[PDB]
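Trainee: As a plain string of letters, each chain reads:
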Amino acid sequence: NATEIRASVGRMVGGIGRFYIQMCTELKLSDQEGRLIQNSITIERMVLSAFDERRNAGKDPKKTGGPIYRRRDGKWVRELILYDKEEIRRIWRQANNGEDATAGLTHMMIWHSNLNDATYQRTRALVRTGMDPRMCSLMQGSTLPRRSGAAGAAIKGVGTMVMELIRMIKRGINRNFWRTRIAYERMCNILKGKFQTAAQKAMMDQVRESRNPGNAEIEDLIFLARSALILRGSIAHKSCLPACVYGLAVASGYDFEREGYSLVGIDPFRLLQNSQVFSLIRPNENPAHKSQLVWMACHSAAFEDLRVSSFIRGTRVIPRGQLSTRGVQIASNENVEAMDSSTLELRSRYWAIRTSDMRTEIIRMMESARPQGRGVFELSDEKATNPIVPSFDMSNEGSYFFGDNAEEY
Amino acid sequence: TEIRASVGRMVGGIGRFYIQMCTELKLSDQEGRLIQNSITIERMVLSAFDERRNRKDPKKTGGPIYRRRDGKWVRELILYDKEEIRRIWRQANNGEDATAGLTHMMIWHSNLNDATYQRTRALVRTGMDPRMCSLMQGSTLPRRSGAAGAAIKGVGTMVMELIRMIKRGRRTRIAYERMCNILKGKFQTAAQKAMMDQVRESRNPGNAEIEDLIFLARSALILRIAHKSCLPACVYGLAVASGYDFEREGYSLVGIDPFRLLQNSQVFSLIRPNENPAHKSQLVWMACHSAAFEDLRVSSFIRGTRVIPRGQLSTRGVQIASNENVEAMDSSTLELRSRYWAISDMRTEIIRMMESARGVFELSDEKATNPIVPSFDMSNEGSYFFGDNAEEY
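Going line by line, the protein sequences match chains B and A. If you count by PDB author numbering, then the first sequence holds residues 21 to 76, 85 to 202, 204 to 208, 215 to 389, 437 to 453, 459 to 496, one letter each, in order. If you count by PDB author numbering, then the second sequence holds residues 23 to 77, 87 to 200, 213 to 267, 270 to 388, 438 to 452, 462 to 496, one letter each, in order.
This is chain B alone, in the form it adopts within the complex:
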């Protein structure tokens, strides 16, 4: 539909906020405790593990949980929880009208992935697979589990698909290619669908079913990955919010079902405008930098040009190597009592809606190609009626990954 799809997506996010409100009722988190992004990632992690049918030593397999952070005596304190995977399954179905609602689970998953894309470096994995560190710019979706289906695969960058393909060929060079090969060609046709020139499509045809793929196909997958540095694929960008934001909205009395919801329009921008989200800050960490990290993760903007990202946001989105923060998630061995909460700035000034024969053609179309965001509107402008003229500083570095110093995933 146009709206029938908007009812389904609204029923899904509605589901996620209902699930969050009730698990905050049953973990006894105050309002402030419910608005901490750390608490919300733990509940997201628990409900994802509860429904991990494929993955279900001294650890109970019917139990899940994680770190929860609570206000006691004027400080934050790490309190660990354990919950039956069956009881979280029942609470999730209770909050979705008895439905499995796998689409809400993949939604939370896409949010985790985009958060990881904005936060963690993957250079070490890129080198050990034969790819260049420059291809960091194409590593969207690289952290997605293999249980995210088509939704997961739509947001995977050309680099992600090339990396998983190199690794599968790497493990076939070891004569163990019997019956696991339609899996190989489905991910080849998924990367095929991601290319946007008949030349790269044709080369991805040649890569598909060579009966015995090895280092010759690996070098083809590297040629087509550098090919996507100039002639870019078309990958989906799903704006997925942490559970605590749908949570607060459903608490507020916002009806996602009858109002509808789209990940592509202004809905995510509008909800983030009225967000109250908190984050634990490590000592010597800039809370605005942590805010840009979360902001860029909620709009899957880690691969977009920073000048386009700064225009939309109203404040400058600096490269990752110039941030004074590390991840959102707090490790088990960090002193939580040394840390304090800071409101995350997540608002935006504007919103938006944005040696072979096939090797000679691509080289030509790379030499040929000449190297901004024109779907940018004011948040008063509910319809896409009056686009806004972009204002960048062209001197500013385009890439989020220029001079990256981020910790490896």
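Hints were generated in silico from the structure; no laboratory data involved. Note that the Cβ used here is the ideal one computed from N, Cα and C, for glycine as well. Be a bit skeptical, because a hint or two may be false.
Said to hold, decoys possible - For each label pair, taking beta carbons as the anchor points, the in silico distance ranges come out as:
{"no.": "1", "chain 1": "A", "residue 1": "319", "chain 2": "B", "residue 2": "482", "range": "28 to 38 Å"}
{"no.": "2", "chain 1": "B", "residue 1": "246", "chain 2": "A", "residue 2": "452", "range": "52 to 62 Å"}
{"no.": "3", "chain 1": "B", "residue 1": "377", "chain 2": "A", "residue 2": "174", "range": "54 to 64 Å"}
With the hints as your guide, set chain A onto chain B.
Mentor: Chain A in isolation, oriented as in the chain B frame:
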């Protein structure tokens, strides 16, 4: 504290000089943290105080500068009057000839050359065996760095330059005299010291001294030099930019100061295609701790990650050649941190005593209070030069 203030005033000088030539070349923050730009500025000031041995208009020096333009790196060649850079160097040291700061940058270039370049073809052309690569520290120093340069020169370096002058055959003999007593002072048994006395005390040096100087160079493979930790100018530069005062905080090349400064360093390097940025990181890491001749199991324990031999690295060196496409390359942070920090009768005696022969702390520790017990794996190779494939200097 006086030597610690002196060394601190010298390093402080180097960071001031780097900040000033970055303000005057208009290099951005990121551009200033590129080790390639930093080697070019070091080379210019070294060449400006030379015209013989410090290492086309003769009154100008310069080199390649790498700038961010339109999302890529671009090689810009620069030229500067040798007097104008000399004046900036003196401005940054309170009008003093900071000769020690110039030697410092030199020892850094030398240790970098030791970690990067193979010398086996020079060794064979001089009559020495390639195994003696372990003793070629300081081999790329210019031929007048004085006592500071000569103190870090390995037994093999001194043997090679001594064989090399004898190969061509008072005016050029006091040079021979000092170099023999400098290599004599580097030995640590009366037998080879006495043997170096006889080679030094020789009317007509020839094939007999060359073979003697080879016997005592193999002697130094069993019966075994200064190690100066020198950082590139961009690291002192960033630290003095931070407001770190090296003079009243003091600085030693031997302690934890280099470890501590490297720990919070932000240094970038251009990576050639198909080069491992971690391998380039190990290359620079080993150059800043002059550890190209130290045992890799000692180097790996100290660093917390394995320091592999040079022949198994996937890099070719930091300096970028005239012919290489800079726009094809990208910058990567160099991992420079460390897990820990640290501190024929004579022929008969030597041969007998050769067949005979059978300080690591955490950075929390500040002072050497609680040593850590070293934990190696003997199967890991000990020499940086095992199966070396590096390009000849």
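Trainee: None of the hints should be skipped; say for each whether it holds.
Mentor: The hints, checked one at a time:
1. A:319 with B:482: 28 to 38 Å: The hint (28 to 38 Å, Cβ to Cβ) holds, given that residue 319 of chain A and residue 482 of chain B are roughly 31 Å apart.
2. B:246 with A:452: 52 to 62 Å: With Cβ atoms ~60 Å apart, the hint holds.
3. B:377 with A:174: 54 to 64 Å: Given about 60 Å between the Cβ atoms, the range holds.
Going down the numbered hints, you'll see the structure goes against none, and every one checks out.
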